[PDB]
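Enquirer: Listed here are the chains, written in short residue letters.
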Amino acid sequence: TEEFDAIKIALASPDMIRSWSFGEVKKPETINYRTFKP
Amino acid sequence: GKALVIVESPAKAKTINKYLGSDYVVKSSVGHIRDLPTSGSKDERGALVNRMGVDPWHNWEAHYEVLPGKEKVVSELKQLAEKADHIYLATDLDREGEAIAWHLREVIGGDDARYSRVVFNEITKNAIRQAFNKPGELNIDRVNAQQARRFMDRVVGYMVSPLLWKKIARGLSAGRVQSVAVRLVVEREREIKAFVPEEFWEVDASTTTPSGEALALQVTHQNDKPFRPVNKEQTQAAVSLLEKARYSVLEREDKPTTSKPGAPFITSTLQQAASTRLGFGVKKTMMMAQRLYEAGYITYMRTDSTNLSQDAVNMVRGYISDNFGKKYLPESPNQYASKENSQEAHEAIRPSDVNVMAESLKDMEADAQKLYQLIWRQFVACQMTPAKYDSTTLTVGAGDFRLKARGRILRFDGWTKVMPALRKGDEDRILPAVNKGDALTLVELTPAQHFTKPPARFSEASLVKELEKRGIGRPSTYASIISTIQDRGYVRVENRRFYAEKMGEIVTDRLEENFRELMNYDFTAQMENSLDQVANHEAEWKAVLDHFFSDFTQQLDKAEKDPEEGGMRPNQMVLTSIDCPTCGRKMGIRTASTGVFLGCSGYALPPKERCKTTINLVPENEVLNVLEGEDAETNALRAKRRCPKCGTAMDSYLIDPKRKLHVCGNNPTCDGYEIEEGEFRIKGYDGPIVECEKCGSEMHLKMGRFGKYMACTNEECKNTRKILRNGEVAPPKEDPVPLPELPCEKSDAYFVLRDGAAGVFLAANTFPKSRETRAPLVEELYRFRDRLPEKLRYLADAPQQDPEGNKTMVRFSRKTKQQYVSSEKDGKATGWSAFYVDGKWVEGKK
Ligand SMILES: [Zn+2]
Ligand SMILES: [Zn+2]
Ligand SMILES: [Zn+2]
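For the protein sequence lines, the chains are D and F, in the order given.
Position in the first sequence (first residue = 1) + 13 = the deposited numbering.
Here the second sequence stands for residues 2 to 42, 61 to 865, where the numbers follow the deposited numbering.
Since the hints were derived computationally from the structure, they do not count as laboratory data.
C-beta: ideal position from N, C-alpha, C; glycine also.
One should not assume that every hint holds.
Taking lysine-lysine and the DSSO-like style, the derived pairs with C-alpha atoms no more than 27 angstroms apart in a straight line are [claimed, not checked]:
| no. | chain 1 | residue 1 | chain 2 | residue 2 |
| --- | --- | --- | --- | --- |
| 1 | F | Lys752 | D | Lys50 |
| 2 | D | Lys40 | F | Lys847 |
| 3 | F | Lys826 | F | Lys847 |
| 4 | F | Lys186 | F | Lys605 |
| 5 | F | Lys859 | D | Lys50 |
| 6 | F | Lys810 | F | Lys834 |
| 7 | F | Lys713 | D | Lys40 |
Far from chain F, some chain D residues (derived; all Cβ distances over 12 angstroms) [said to hold, decoys possible]:
| no. | residue |
| --- | --- |
| 8 | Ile20 |
| 9 | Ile22 |
| 10 | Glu37 |
| 11 | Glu42 |
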């Protein structure tokens with residue numbers, strides 16, 4: 014697939030992790046029981 | 002036998018029970034059991068006397084009454100009194116306690132040989148034993164004095180308030196001493212706003228001795244005149260001349276100094292101390308003092324007597340002799356003299372047991388421990404030897420200029436040891452031991468710029484000090500004056516400092532004009548002194564009440580008349596150029612009990628041409644900088660604009676995010692106004708702060724016939740929500756439905772069902788008046804199932820009772836956005852729930 018040659022590891026900069034995320038989760042709810050919907 | 006002791010607080014009951022024991026039964030008569038009427042529950064005069072209860076014309080018949088919820092306690096007390104053989108009335112020392120005792124006596128009956136009146140200044144074993152040994156008779160004279168005061172205050176309040184409603188604004192109130200306190204605050208406000216700060220500069224000098232020590236001085240004369248440069252250029256010139264000149268210490272002064280401890284606290288002194296050291300105002304100080312007294316740790320906190328018992332003096336002298344030792348005794352007691360009119364029979368506020376340290380007060384909150392520490396420290400200090408200081412003063416001369424230093428050094432500390440200063444003062448430093456006629460070497464010099472202080476705004480404690488100086492009110496009154504001036508909306512307290520609302524100025528001016536005798540400080544003092552004469556039994560209560568009432572009625576009947584006849588002038592308009600959003604007309608500046616607002620003259624035109632449009636202001640808050648210290652008030656005065664027509668300062672309130680409005684201090688006597696596109700900031704409504712789901716703007720709590728309802732501040736969005744029982748707020752009625760068959764329980768109303776994202780809830784039809792809400796029960800929804808809208812029907816299918824047979828209520832699961840049913844016992848959740856899972860209610864543990 015990606016044909017990588019090696020693996021690299023380092024600390025996570027906060028801007029980097031925020032760049033990963035597609036959104037913030039702010040409330041503890043998990044899934045509705047009325048309709049099985051998040 | 003069994004002897005019954007009736008005490009006002011329950012905590013006082015517990016503390017006194019600690020020392021009474023098994024032979025005595027102590028019953029806590031919470032507050033005033035019997036009081037003049039309050040609620041509604061020549062016919063005008065009849066209705067007035069029925070509202071007052073007091074009838075001044077028919078020799079002050081009083082028609083006392085017993086308030087809702089007191090009757091249970093009255094019944095219990097009566098039963099215990101029938102059981103008991105001797106009834107002991109152990110209210111607090113002051114006139115309020117005597118009135119409470121009289122009320123108790125008169126309700127229970129059997130007066131002559133069945134009531135003993137107990138008098139103790141502290142709730143301690145020796146004091147209580149001495150109090151019960153020889154009980155006193157009920158002192159009817161003090162009761163009569165208290166009744167006279169109460170009658171005066173109700174007469175003035177009820178007779179004046181309709182006049183102020185008619186002439187000035189509905190929802191005003193008045194009060195005899197209250198109005199005089201407001202007058203004091205308003206007079207200080209007028210002095211402050213009149214003030215025009217001058218500007219003056221000062222110069223500071225830095226010097227080293229031949230012995231290498233260092234000294235700092237301040238420069239105070241030029242040409243043998245006072246040094247006080249007016250501008251920057253002058254100050255710079257002075258600094259130049261100083262630097263060029265050569266300095267010598269032409270003056271060397273020295274002298275011993277002694278400082279005596281402060282007197283033990285009277286109530287006014289205790290409030291001033293607690294404000295200055297701990298920051299407690301009046302209400303917190305007196306609440307904590309009352310708790311400390313009821314627990315038993317301090318003597319009674321309503322006193323104007325500095326006297327101390329021989330027991331107290333001997334105890335504290337023993338403590339000083341043992342801990343500190345002979346140097347701090349001193350040879351004989353420190354006497355302190357209270358006013359000749361003071362209640363010299365009372366003691367000061369002191370510890371009941373000097374060895375009880377503040378840390379040991381396991382059952383007192385930390386603020387009360389601090390207040391006790393202050394009382395203890397003062398009490399110990401007052402008997403100790405004076406502190407000893409030695410003082411040095413230096414004057415140094417260069418050219419046309421002389422410059423000065425003063426310093427003190429501290430060599431015995433005895434009273435200061437127990438009671439240290441909050442911070443070092445400017446003279447709390449070490450001047451080096453320069454010789455007489457010494458020399459000095461010079462370091463670089465600093466100018467400073469200053470503006471004269473206006474008269475300082477009252478603090479709560481400094482207002483109490485002013486009242487104590489004039490003789491308006493008494494130790495028991497002060498907290499009530501300080502509270503009621505705020506509660507009644509004439510004065511506001513901010514930055515721990517007193518500020519006077521424009522309505523307070525209007526009412527003060529009207530009351531001074533019409534009721535000059537009532538508002539004059541001397542006549543208020545003379546009235547208080549005459550009540551004291553009554554309590555002495557130097558005067559007859561009814562007599563002085565009649566004299567007051569005759570004068571008051573003369574002044575009232577004059578004041579009621581038309582303004583051309585000479586009655587109370589109306590709330591006169593001041594006019595400004597602004598376009599009314601409804602009719603474009605010029606707009607004027609108006610004061611109501613709600614605040615200060617912008618109105619359109621069409622309000623004074625009959626219906627045909629009437630305009631009710633109004634615009635609503637927010638005042639600018641003064642934000643005094645604590646770090647500026649004494650400067651903080653002066654700079655506030657500097658911050659204000661000044662009126663064009665007069666020297667009076669101006670006060671500032673916004674009107675738009677683009678516009679800001681300045682108004683003169685003597686408004687409406689002065690009609691100056693200013694409008695600036697340099698606006699600042701305006702605030703809108705207020706309440707429980709909520710966020711509108713339809714626009715994200717702030718939302719606020721409002722009242723009117725359809726409810727205590729919650730409404731958004733964005734003028735483009737009339738989304739509202741509402742109040743309910745088991746949540747902060749509830750969105751608007753997704754399907755509302757009335758039910759005549761569910762009566763309300765706290766009120767006579769009927770219930771109505773509603774819906775929002777908070778859940779589905781019951782709410783009473785007269786909603787702003789009733790305010791009553793609760794969640795529906797499943798059995799209630801089953802009973803009204805036919806009325807339910809189509810979607811709500813499943814909640815009536817829900818299981819009505821849990822497995823234990825506890826009844827069930829309907830709740831919203833915010834974590835899963837669905838209704839469920841739950842059960843409660845003793846109002847607590849049973850930890851059972853049932854949920855809807857698509858046509859099949861399913862149940863279990865929470
Ligand atoms: Zn208008
Ligand atoms: Zn003016
Ligand atoms: Zn909105």
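Enquirer: Hints first: check each against the structure and report whether it holds.
Expert: A quick look at each hint next to the structure:
1. Simply put, F/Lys752 and D/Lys50 have alpha-carbon atoms about 25 angstroms apart, close enough for the 27 angstroms limit, and the pair holds.
2. Distance hint between D/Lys40 and F/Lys847 is fulfilled; the C-alpha atoms sit about 26 angstroms from each other, no more than 27 angstroms.
3. Between the alpha carbons of F/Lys826 and F/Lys847 the distance comes to roughly 12 angstroms, so the proposed pair stays at or under 27 angstroms and holds.
4. Proposed proximity of F/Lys186 and F/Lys605 is supported: the alpha carbons are some 24 angstroms apart, at most 27 angstroms.
5. Straight-line distance between C-alpha atoms of F/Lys859 and D/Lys50 comes to about 18 angstroms, which keeps the hinted pair within the 27 angstroms bound.
6. Restraint check: the Cα-Cα separation between F/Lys810 and F/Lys834 comes to about 21 angstroms, which is no more than 27 angstroms; the hinted pair holds.
7. Among the hinted pairs, F/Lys713 with D/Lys40 is consistent with the structure: their alpha-carbon atoms are about 20 angstroms apart, no more than 27 angstroms.
8. Against the 12 angstroms criterion, D/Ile20 stays outside the reach of chain F, whose nearest CB is about 40 angstroms from its own CB.
9. At roughly 37 angstroms from the closest C-beta of chain F, the C-beta of D/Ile22 stays outside 12 angstroms, upholding its exclusion from the interface.
10. The claim that D/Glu37 is not at the interface with chain F holds, since no C-beta of that chain comes within 12 angstroms of its own (minimum 17 angstroms).
11. Not every beta carbon of chain F lies more than 12 angstroms from that of D/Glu42, the smallest distance being close to 4 angstroms; the non-interface claim is violated.
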